[PDB]
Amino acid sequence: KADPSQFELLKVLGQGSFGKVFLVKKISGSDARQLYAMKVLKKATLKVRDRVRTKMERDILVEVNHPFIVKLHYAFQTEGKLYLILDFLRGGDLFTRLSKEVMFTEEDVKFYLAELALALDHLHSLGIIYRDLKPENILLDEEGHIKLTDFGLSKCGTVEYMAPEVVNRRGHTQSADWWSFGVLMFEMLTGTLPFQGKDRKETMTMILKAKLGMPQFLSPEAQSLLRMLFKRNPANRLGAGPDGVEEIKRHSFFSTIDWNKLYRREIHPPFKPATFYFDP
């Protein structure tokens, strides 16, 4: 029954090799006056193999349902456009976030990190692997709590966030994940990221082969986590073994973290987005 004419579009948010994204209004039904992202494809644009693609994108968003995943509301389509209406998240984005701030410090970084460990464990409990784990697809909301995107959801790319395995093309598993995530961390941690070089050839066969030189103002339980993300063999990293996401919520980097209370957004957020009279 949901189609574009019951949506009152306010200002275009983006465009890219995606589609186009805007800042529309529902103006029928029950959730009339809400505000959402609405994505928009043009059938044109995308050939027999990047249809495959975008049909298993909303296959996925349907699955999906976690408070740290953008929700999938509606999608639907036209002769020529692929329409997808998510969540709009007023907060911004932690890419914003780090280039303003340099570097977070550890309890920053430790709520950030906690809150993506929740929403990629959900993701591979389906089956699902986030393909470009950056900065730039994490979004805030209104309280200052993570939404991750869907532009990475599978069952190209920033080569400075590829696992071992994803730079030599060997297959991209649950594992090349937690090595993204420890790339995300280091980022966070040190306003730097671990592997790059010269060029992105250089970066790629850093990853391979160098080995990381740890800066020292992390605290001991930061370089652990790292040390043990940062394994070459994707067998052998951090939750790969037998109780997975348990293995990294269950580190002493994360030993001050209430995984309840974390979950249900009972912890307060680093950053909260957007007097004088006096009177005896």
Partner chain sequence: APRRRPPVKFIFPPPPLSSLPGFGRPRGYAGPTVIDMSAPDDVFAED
The other form holds:
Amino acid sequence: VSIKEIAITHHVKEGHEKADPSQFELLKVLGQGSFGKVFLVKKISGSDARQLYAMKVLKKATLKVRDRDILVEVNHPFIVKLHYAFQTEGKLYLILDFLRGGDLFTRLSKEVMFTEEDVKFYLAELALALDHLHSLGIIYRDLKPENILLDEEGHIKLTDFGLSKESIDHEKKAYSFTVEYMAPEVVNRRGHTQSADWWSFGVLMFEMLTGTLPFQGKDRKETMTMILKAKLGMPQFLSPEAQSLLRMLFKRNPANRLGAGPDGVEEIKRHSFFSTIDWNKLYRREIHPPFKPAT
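Write the structure block of the form solved in complex with the partner chain for the protein whose form deposited without the partner chain appears above.
No partner chains or extra molecules come along with it, only the chain itself.
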């Protein structure tokens, strides 16, 4: 059951030059997260001079790993890559890939009308990224649409890789208190298991295909009650393959959930829903995304 906390203090490609605040120039604010604003920075020194990066500013960040650098191992085709990490004046600075494709939910909203096969492509790339973190013992924990971005080519890019973060004092909230994608065990505070991510995966699949969240409440308290006790009627516009995957994913006992069996993620890959996906070609980014961002 062993869990190890790795504090994120400094990072740079092995044999490369470590970065510091003077080497970046701020350009704009990319977006607003729970832990603060995300910035666009331009490297002004070194071999990657003129390159654009995304920057997060935190008090500290740790990576919880259960069961080569971990920051290098988490590198994946569909996960943001951390290029630099440095600490200054009691603040942690994360230099990340600048994701130029925008978020998936805005792209889907721009289309308005799309097919299940369109959403299938993004879910499949999302599934590979989640399993890669699972393979190294990392849990995504708090998977939400804000973390699901696209790159210039239109491929999925997760904005984080399971980091446990603490915001700076300026961003600090008075009450720490998102439950909509949380698994029942998480609501029960029974522990966050790797099957919890596949529950969050299912809620995203439901929301992307239906446009609505499966459990809707007025406040945090009510929605938590719905996650634990609600029985839902399957939307009938969904395909039989999609309904089957949702039913296998939406099981309140973690052990009954798809992906928690002995084969693990290949349970989900082999499902009837993802039948049209060539997973190896998908990993090689040789399958074109349904929508290109530049349009």
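Numbering follows the first chain given and starts at 1. The term rigid core refers to the most C-alpha atoms you can superpose between the two forms while keeping them within 1.5 Å.
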Entry of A119, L98, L86, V167 that shows, once the rigid core is matched between the two forms, a C-alpha shift of 2 Å or more: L98
C-alpha of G197 moved at least 2 Å between the two forms on rigid core: yes
